[PDB]
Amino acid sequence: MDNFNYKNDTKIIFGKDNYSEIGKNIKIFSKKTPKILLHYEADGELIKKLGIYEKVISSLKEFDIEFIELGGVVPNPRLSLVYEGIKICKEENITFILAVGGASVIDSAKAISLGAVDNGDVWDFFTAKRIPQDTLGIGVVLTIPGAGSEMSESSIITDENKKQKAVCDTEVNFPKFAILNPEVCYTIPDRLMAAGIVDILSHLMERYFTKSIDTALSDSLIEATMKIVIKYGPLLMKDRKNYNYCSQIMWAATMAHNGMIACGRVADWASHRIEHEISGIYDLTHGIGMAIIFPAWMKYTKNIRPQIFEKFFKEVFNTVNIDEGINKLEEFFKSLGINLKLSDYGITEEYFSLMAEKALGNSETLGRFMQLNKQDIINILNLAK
């Protein structure tokens, strides 16, 4: 019964053996004669080794696109490099940016696209001083499936001088196009691919367990997507170069980041916030943490709205029994290679209380589906210990 609005203008170009689409789509979206800035991480090493670089260069030649290269993106993209990109755009009369890589290259490209067309300081857009109203325009070649910035309206940039991270969220940030080829999955190492599967399922699950009502169709779409991740994830884990398996998983990621299927329901970020503190202290991959934390949060919140738990486990795991369902969900994680206890990762109870306080910050509780105070979070951590 919750009203909602939905919009996503990013053109999705899904599939393989279609590298000509790069220059074709640059022409569709660049203003007059294309002259583009090629943006990537470090000096190309990864994308060059994977053969993506030579493929991009050949699509640019095949359409007579003049291009300048700006490398140097760092996993947490720096305003230092953004500022440099604005200059190169203004001086060299760049018409369009092509981000080749992942969330760091994409977000760097988004902030360069913002400043290139602006007569002030781009950090005003990130620090709530000004509201951007235009962007040069970017396209993305996605190399590693992640949080979906290739179709989001958010850019996250860190100012290393003040050591301050800021976000700019606005419609103009939507990439004009996003090339998605499942083949980029083939080379991701097993552990990180298992983690990324958990991230897709975590992202849907956080929207599913909701106190919103009248979401029958939304429920079914989210169930259908979660079920695919549960069925195909283990198959992909054992057959890494299977195109069908990678397509299903990467289209499920897309469908999860898109939110047409999640429209009209309130998400809960408790497990994400608790996991964040584990990762902030220990070297734990996000997906590995969510596989550990989410079953524990499910057990602790099983009494809030038991019927929505019964529906989830009936629709996704064909069982109305919550405890058997939870065990099935835990077996599914173990089938991707992930150990389920924090102690398995050498994490002891030592910092549970500190983790809970950090997650809580200046509030007494965290969560929406269930409000969690300090001891509640410690109890969830003990369930996962």
The other form holds:
Number of protein chains: 2
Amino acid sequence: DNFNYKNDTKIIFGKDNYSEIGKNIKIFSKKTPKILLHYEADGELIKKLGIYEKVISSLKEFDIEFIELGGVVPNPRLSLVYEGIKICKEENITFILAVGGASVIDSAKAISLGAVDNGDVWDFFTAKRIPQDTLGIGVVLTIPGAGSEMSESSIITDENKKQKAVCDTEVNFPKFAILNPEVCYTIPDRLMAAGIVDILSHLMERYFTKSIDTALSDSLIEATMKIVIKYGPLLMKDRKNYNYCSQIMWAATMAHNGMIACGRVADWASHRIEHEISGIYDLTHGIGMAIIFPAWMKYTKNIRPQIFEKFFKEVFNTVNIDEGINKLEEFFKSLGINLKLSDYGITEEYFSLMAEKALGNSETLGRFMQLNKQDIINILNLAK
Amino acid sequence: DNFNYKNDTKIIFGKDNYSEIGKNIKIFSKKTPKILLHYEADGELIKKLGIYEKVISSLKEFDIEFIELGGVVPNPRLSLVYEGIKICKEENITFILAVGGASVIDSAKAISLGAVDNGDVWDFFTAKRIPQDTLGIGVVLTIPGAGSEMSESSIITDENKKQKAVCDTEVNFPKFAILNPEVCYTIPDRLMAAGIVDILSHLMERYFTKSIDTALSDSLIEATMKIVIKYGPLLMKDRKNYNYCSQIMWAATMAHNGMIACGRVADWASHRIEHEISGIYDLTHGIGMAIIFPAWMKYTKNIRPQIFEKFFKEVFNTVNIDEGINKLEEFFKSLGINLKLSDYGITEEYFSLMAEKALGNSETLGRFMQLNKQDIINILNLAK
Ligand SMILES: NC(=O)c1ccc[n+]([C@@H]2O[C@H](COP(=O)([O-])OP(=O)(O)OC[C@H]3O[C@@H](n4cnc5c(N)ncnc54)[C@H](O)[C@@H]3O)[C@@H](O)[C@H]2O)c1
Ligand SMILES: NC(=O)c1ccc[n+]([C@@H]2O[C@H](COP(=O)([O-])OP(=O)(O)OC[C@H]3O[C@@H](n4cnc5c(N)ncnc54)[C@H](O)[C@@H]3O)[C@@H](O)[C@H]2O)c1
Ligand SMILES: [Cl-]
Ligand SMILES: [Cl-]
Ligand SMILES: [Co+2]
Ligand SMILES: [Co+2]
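What's the form deposited with nicotinamide-adenine-dinucleotide bound like, now that we've got the form solved without nicotinamide-adenine-dinucleotide?
Every component of the complex follows; first up is the chain already shown.
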């Protein structure tokens, strides 16, 4: 097992450092800077928090001209990205500032691409052309979600065709990303808890592998996981604790690092199964990953028991799988999450439909264990 | 404690992937590529190993024209860098390939700088100008030493003035670095052992800190250390074991990462003390770090016993400092290293001189503990 790793995104970690917005705009723009401030809706919640102010005060401090463009919505649409390209060519924008989460970061990245291209940007999403340049964006992250502030990916939906797509390319890497743990404070409980589950589950999806010779990698992923297991419950009970939020934020960041996962083989079974639950019921990703992941490890405990033994020894101080699986169930409950699907009024009614749609045009799904339609129903039964 | 992190060096990790030399030259050169192959002496040992061949076979495979420039020597001299600038401007070299260790990588970086500048390169080392561009280098690392294949630093000595200096700048970052663990195999024992000590000591220098709120960081540094403690002895006894060499190489790399050390405050006391031992006697850095580090932790065990308790609990499975200090002494001996200075015929004769030269024009030295001249002699007495 060989692997490659690049990641050029500059990370500014900490608080009381709002000048680094302006400072980093200067470090990464073309000559004199004029920037596009991108946000969701009308900076409604960004401004409520006081980010909008502390942003514009950094922009002013550095004499940076700027236009605002708003209304991105959770599933960012080409409607708006096309509008954004227009503005970055007309008003000669030299840099984009994404002030939000992945929904706005993905929009920002797609604008950054189109602003430097002499074609349609959507040729970069539908596998027609491979972009070779981007204007350049900076992010101020408002919630440590899925790491788009450090990824090479942008997910956009063409609502004219109802066809959503993604574009992975080294140019999409943000030039810099401001990461202040303080943005965690105002996040509602259920969402903080679900973000904590997403961090662990991202680590676990990569940890549980058939790959061999991954000792150091194992250690690092174990280390991050343990911290999630130790601090995430403390953060839930002391929401404004900078330390607790720092560990957790730094964990999510590290979880999106492929220095700790070194070309070891990830498994997406849980993700996919959860996707289809979430596709039919109103259920937050992180919550369904806490219901499904335990069900899946029960169902897959026989593949490489040794790597399950290891997991629970290193993370929950136990060599007994059942006990460990329960310690993880308990830990999820420690974040205020109920563990069964019945609990959310999800019934067995669509376990069949959900299993079919997970598999799509395939016979099985998974890598650690090849899971067929009935295997998936069994897992949904374990989680009911 | 806030911190920043960038590192743009692409890492190609693994074996049986010699085509990625050519492939990565193509990915990072100007238009058609013509490269300078940089090595130590006359590719004497690089060629003995079979790197030279597998390099030129990748260069040919990709139709890459190339000139060779040799004779870099362990303390790379401007004599040669000036020669290299000449060649990269005359022969219009678009990229440099450093095939060696830090001595040649540092030379390569200094050539890369000068080849794009309209001045003297040495203005970049003597704090006159701050370089804003470099041609671009790739490294094939022959020994996982001090990480220059991923650093922003180049250390060159002007032998006309007997004045050596360094240049830290984001442009010095190699464009890519090939890391094949197999290069470990041929390394002599004393040097492999000393490289294993350097990895741990780089982690320890950063670990033992007065900084607070560093839990995740602690975990990661602990994780890497443990692996060094576990595999390094196995590697010493099974030199050609790819797994053992992979963990250890990946540890050194990770040790040079500031994602695991997150702006926590390093201490260089041991380094400095060792420097002066090495300045007077013929002693390999790694070996004197195994004699000195234990002496220093004995002498500094009273500062934050809690972080010593933690260290030895996480790494040596013990809460007792004395026992732990001994487990670390034992571990060093497990790499075939004798632990006293007497052992190397180093006598107390110059403990005084060595202490004075460590302190230079300062009253104390260290951050974890401020060490004065007598404190340093005491530490040298602990290590005698
Ligand atoms: N690399 C990639 O491109 C990548 C990878 C995985 C997922 N994604 C995408 O990530 C998106 C999920 O985004 P996300 O989880 O970062 O969140 P988000 O910002 O898209 O939405 C988070 C929710 O919490 C609120 N919120 C955000 N920050 C807050 C704060 N500081 N205080 C209070 N409330 C706050 C928002 O109003 C919203 O309701 C999806 O579109 C998903 O497809 C992208
Ligand atoms: N970031 C930086 O720029 C930075 C930081 C710290 C130290 N340094 C510098 O690093 C240098 C030390 O270099 P290094 O430790 O990487 O080693 P090196 O390559 O300079 O020398 C290593 C020794 O082992 C031999 N060797 C190397 N690879 C071998 C292999 N595969 N098989 C057998 N023998 C092999 C060499 O012949 C030589 O005797 C010093 O000049 C030091 O100042 C630079
Ligand atoms: Cl997610
Ligand atoms: Cl070193
Ligand atoms: Co997931
Ligand atoms: Co050192």
